[PDB]
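Use these hints to put chain A with the ligands onto chain C, whose structure you have.
Number of protein chains: 2
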Amino acid sequence: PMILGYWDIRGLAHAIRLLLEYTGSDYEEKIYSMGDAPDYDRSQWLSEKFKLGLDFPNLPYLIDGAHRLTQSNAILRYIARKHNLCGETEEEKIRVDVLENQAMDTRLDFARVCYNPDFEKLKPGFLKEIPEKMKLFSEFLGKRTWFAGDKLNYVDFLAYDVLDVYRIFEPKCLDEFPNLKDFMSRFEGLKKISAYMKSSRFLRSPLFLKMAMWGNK
Amino acid sequence: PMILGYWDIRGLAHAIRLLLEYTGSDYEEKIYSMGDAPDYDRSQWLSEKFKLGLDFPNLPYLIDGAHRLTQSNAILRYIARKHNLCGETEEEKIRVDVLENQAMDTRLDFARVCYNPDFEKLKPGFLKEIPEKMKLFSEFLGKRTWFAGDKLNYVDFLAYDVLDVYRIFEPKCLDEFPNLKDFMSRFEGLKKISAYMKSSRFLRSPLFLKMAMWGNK
Ligand SMILES: N[C@@H](CCC(=O)N[C@@H](CS)C(=O)NCC(=O)O)C(=O)O
Ligand SMILES: N[C@@H](CCC(=O)N[C@@H](CS)C(=O)NCC(=O)O)C(=O)O
Ligand code: NA
Numbered sequence: 001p002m003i004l005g006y007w008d009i010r011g012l013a014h015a016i017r018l019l020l021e022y023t024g025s026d027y028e029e030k031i032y033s034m035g036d037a038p039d040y041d042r043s044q045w046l047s048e049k050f051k052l053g054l055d056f057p058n059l060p061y062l063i064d065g066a067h068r069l070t071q072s073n074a075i076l077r078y079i080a081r082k083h084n085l086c087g088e089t090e091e092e093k094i095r096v097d098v099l100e101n102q103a104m105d106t107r108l109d110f111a112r113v114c115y116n117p118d119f120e121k122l123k124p125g126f127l128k129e130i131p132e133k134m135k136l137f138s139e140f141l142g143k144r145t146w147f148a149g150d151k152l153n154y155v156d157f158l159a160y161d162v163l164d165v166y167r168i169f170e171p172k173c174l175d176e177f178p179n180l181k182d183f184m185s186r187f188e189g190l191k192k193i194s195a196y197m198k199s200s201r202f203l204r205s206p207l208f209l210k211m212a213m214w215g216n217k
Numbered sequence: 001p002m003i004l005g006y007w008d009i010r011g012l013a014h015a016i017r018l019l020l021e022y023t024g025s026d027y028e029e030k031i032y033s034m035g036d037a038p039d040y041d042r043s044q045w046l047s048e049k050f051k052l053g054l055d056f057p058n059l060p061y062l063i064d065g066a067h068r069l070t071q072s073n074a075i076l077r078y079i080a081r082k083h084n085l086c087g088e089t090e091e092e093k094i095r096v097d098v099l100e101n102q103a104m105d106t107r108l109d110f111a112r113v114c115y116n117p118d119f120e121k122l123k124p125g126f127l128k129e130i131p132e133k134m135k136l137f138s139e140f141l142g143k144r145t146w147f148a149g150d151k152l153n154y155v156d157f158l159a160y161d162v163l164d165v166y167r168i169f170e171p172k173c174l175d176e177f178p179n180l181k182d183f184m185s186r187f188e189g190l191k192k193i194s195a196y197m198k199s200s201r202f203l204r205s206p207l208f209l210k211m212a213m214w215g216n217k
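Chains as they are written, first to last, in PDB author numbering: chain C, 1 to 217; chain A, 1 to 217.
One chain only, chain C, in its complex shape:
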């Protein structure tokens, strides 16, 4: 089976878990636990990090036979090729490339704020940036079934995970965009995703590592 290495948090492995479950891949998770406060000890990973044959050692990682990957985007693209979940037309590939990159920008915009000691003073400002962030995703999807079009795609896993993080922070932030509200429901209604969510394997939280000012529990 595949090995997904990551911390015992949700973080950048959420979309990879969802794609591994959607695609029915045979995987196990190699879980690393970060020590508690003052130190936030990483030696559970730091002692294995250079012993795994990885080119740029990092978390998450994916071992699949002879292939060892880091970088979650590279990992999603690797599973997506295995199961033909990449764009088919030029227009699809452009939408998939733009949204994958835009989704990481959108994710880090919020992670910069939570990982910041000034979280409480930046939060009112950040809250007011959220509707315009969400309107961009809303208009991009339009009346499409999935973000790249009719066919589901790995970027839908990224868009689902990033849009899900925002509504956990601001629960009303999708209320004014029904096509996004509906895209989330249709994503959670997929048979193998819904089964996964009703299983013990599902890890809802923490969203971030222990030292973040939000989503650390």
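Hints are computed from structural coordinates only; laboratory data are not their basis. Mixed in with the good hints, there may be bad ones.
The list treats identical chains as one, so a pair stands whether inside a single copy or across any two.
When the alpha-carbon atoms are kept at most 20 Å apart in a straight line, the in silico PhoX-like pairs for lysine-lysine are as follows [what the hints assert, rightly or not]: (1) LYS51 / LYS135; (2) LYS93 / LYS82; (3) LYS151 / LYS82; (4) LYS210 / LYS123; (5) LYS51 / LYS210; (6) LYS82 / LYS210; (7) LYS217 / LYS123; (8) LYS123 / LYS93; (9) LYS49 / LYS135; (10) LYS121 / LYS181.
Frame of chain C, contents of chain A with the ligands only:
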């Protein structure tokens, strides 16, 4: 003619310009200039930002026929797809995917320090971090001619641009890696590339925007 729109700096358009040149593409540049002083003025851009039909308005952007892209990586993937410049085996595709995301993290590791108001304090600490990053690239390249193997890939343009930016900051940072020194020479020796970097167009600098603490010219 395709249009590449970006600020009047090097920045995230450097690898895109290079790849437009190597592929011999018909492009013109829409150049936005920023104000000096306090209030680094952005009106030249912000007056057009939502009038270009970009789904996620941003710089850089690429216009080409009906296709209107933002996000530098997605722009490069687009130009590369057009001229058949991405991986073909599964192994090359993984190396391209891993390095592309890796190159952006390495860039942002450097960009965060230079734009930080405390750059002067964190300068020496970041410098002792550089040899370890370069060892990672050197070991990844190995004895390969290019970074995904035998044929030139758009990721070689990212790796060239990121390694060069480190080279300028720390001129001795490649010395213990003939590997990468050879690679920079081999890349600079590409025929259409050299015709361009000897040109007066060639924007070797400013690396960053005017408000960075280093690389703003
Ligand atoms: N761009 C990378 C980010 C990697 C990253 O930030 N990893 C964090 C987890 S949130 C880490 O703790 N890495 C540990 C290390 O590299 O030693 C990706 O997509 O995977
Ligand atoms: N992740 C994006 C970054 C986009 C970005 O940061 N653009 C900078 C230029 S260095 C900017 O100032 N954009 C202005 C804007 O968004 O209006 C990419 O790779 O293209
Ligand atoms: Na299904």
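Comparing the hints with the structure gives:
{"no.": "1", "hint": "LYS51 / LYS135", "result": "between (44 Å within a copy, 16 Å between copies)"}
{"no.": "2", "hint": "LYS93 / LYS82", "result": "both (16 Å within a copy, 12 Å between copies)"}
{"no.": "3", "hint": "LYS151 / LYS82", "result": "within (16 Å within a copy, 23 Å between copies)"}
{"no.": "4", "hint": "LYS210 / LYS123", "result": "within (18 Å within a copy, 27 Å between copies)"}
{"no.": "5", "hint": "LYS51 / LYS210", "result": "neither (25 Å within a copy, 42 Å between copies)"}
{"no.": "6", "hint": "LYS82 / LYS210", "result": "neither (34 Å within a copy, 44 Å between copies)"}
{"no.": "7", "hint": "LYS217 / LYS123", "result": "within (18 Å within a copy, 34 Å between copies)"}
{"no.": "8", "hint": "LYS123 / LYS93", "result": "neither (35 Å within a copy, 40 Å between copies)"}
{"no.": "9", "hint": "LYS49 / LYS135", "result": "between (40 Å within a copy, 15 Å between copies)"}
{"no.": "10", "hint": "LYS121 / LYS181", "result": "neither (29 Å within a copy, 46 Å between copies)"}
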